[PDB]
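Student: All chains, please: the whole structure from these sequences, using the hints.
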Amino acid sequence: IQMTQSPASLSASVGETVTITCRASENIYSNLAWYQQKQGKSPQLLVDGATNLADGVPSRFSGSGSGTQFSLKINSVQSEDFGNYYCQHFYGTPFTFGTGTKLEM
Amino acid sequence: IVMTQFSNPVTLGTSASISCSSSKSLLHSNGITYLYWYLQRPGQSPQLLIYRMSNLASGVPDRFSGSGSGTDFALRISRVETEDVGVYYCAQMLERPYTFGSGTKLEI
Amino acid sequence: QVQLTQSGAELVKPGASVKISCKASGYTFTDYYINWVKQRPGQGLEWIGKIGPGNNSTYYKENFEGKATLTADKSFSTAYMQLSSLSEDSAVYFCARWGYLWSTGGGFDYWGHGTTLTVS
Amino acid sequence: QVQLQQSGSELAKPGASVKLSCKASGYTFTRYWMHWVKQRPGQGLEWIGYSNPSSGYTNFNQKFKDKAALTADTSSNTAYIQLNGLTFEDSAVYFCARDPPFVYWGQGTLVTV
Amino acid sequence: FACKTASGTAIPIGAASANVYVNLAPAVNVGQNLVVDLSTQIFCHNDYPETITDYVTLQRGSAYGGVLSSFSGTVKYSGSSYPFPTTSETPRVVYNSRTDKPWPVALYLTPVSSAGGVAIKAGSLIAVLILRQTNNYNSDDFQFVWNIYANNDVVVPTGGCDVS
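Just so you know, the protein sequences line up as chains C, L, H, A and D, in that order.
Numbering-wise, the deposited numbering comes out as the position in the first sequence, counting from 1, plus 1.
The second sequence lines up with residues 2 to 6, 9 to 111 when you count with the deposited numbering.
The third sequence lines up with residues 1 to 86, 88 to 121 when you count with the deposited numbering.
The fourth sequence lines up with residues 1 to 99, 102 to 115 when you count with the deposited numbering.
Note that the deposited numbering gives residue 130 to position 130 of the fifth sequence, counting from 1, and the numbers run on in steps of one.
These are computed hints drawn from the structure, not numbers from a lab.
Among the hints, erroneous ones may be present.
[Stated by the list, open to error] Below, simulated EDC-like cross-link-like pairs (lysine to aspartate or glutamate); rule was C-alpha separation at most 20 angstroms, straight line: (1) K39(C) - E10(A); (2) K76(D) - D99(A); (3) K108(L) - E46(H); (4) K50(H) - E98(L); (5) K65(A) - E46(A); (6) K103(C) - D99(A); (7) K42(C) - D66(A); (8) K61(H) - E50(D); (9) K50(H) - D110(H).
Tutor: Next comes the structure, spelled out in structure tokens:
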């Protein structure tokens, strides 16, 4: 089982939508979690596996995707995180995390 | 795999008794018998009848029943009607070389 | 309620190749296996090859190997068989299915109409 | 509400053993399991530990066999850990987490060699 | 899959819901104490080893509810320990040989008190599990739910040594 993701570095503008996606093989199922990292803080969770907005954020965060492709799309960005986005699967004993994608704004 | 089986005279509308003999019987651990059983009429296509052992398929009537044994095989019909006549087959799962029977045609 | 159809009757002079196909409609074609069988008057029934469109895996018996091959079309359901290095094989060709998708009958169900492949 | 606290940074000589203490409060320490996440400074994250405070049976990851100990204490409400064998490649911080996915986290510990 | 019970009970396979009747033999260990040992009563056999192999797994939507409240369990799915209020997905197990093969699971309980536990009446609910299987050929999946049923009048010791 492997985790590779594509977008890496994106843009430095305020207002437009952004797309973050993680790619996995051998067909993991509906058990993928998304959460963000701040440069000086402990990470906090955003969405559960499949699509399920967890308690703790009232902002516009909606996830979608099933099968082998998973992506995240949000309509508006302002005053958000500077750090990174990480994706976590729940399939077998060796849990593995994806690489890093950096958003500036 | 060599397999041997026409038919005996049949009284009108009573019963039929035909047997399938195997050169090597099949009973593997859980005690289920692997056979197959078919029916056809001249011209019209064959249809399935019995799978595994006394398991009904599709919407055929329940009168088709048989007896299971390692060295002998049995199946019996209760009612004889116009489309009940024909030739019956017999098949076994002998690993990769699956082999069908030589045919056995019921007659009056 | 579904039915199977093949092709028309053909008569072929010896030394040539012949093509007979099978057509299916009304169910998903990816999951069920395909088996082809021949019957001859005076001889027992015996099936040629086992093919599955999911993995395109070809299993044949030793005696009929090198005579023909089986292939199915993934976009729309159609079965291929081409006879090669042909004699006195004048009989009837069928196309059959295979069960046991999870816990079903698992037998030679759904049998199609009959054809004739005569030789001179 | 529940909070997680842990010890500060500790430096150790190469080829030694170090212990890190994770302390909990509020929720029942007996009921809930323990997780551990390794964070190298900006090179992604790994998944390491998995301990039960009720007993001592731990589920490791494949890449290490004897490199960790993962000792749990159930009387002072202090979950422990032990690391065996020290080299230059192990210099990274370690996190504390509660199994309900990974909601509540700790602070971290700058472990250097 | 055509699993059968050691008392002669066969389970349905076409429908999603099913019931099994398993007796209980509680005992106490050094850390926890086992409640239900299913590694003897439930064992399965497959069909057609040459072409089709099988795999079976369970998801995270399992519970311990019923008469008893939710506790912290321990499950051995032919490997390590997982919490019985499951938060993850199990590793994969494979069936291939035509002979009968056991399906080893275990059910534990975390002690809260040194005295004892509640009694189990003969004929009640214990736990609910969901299972989903995949084949070597088809890419789709088929999931179903199992609920265990009580067959014996036994007690659970929790912690300490229950003496009577």
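Student: Which earlier hints turn out false for this structure, listed by number in ascending order?
Tutor: Going through the list in order, the structure violates hints 1, 6 and 7 and respects the others.
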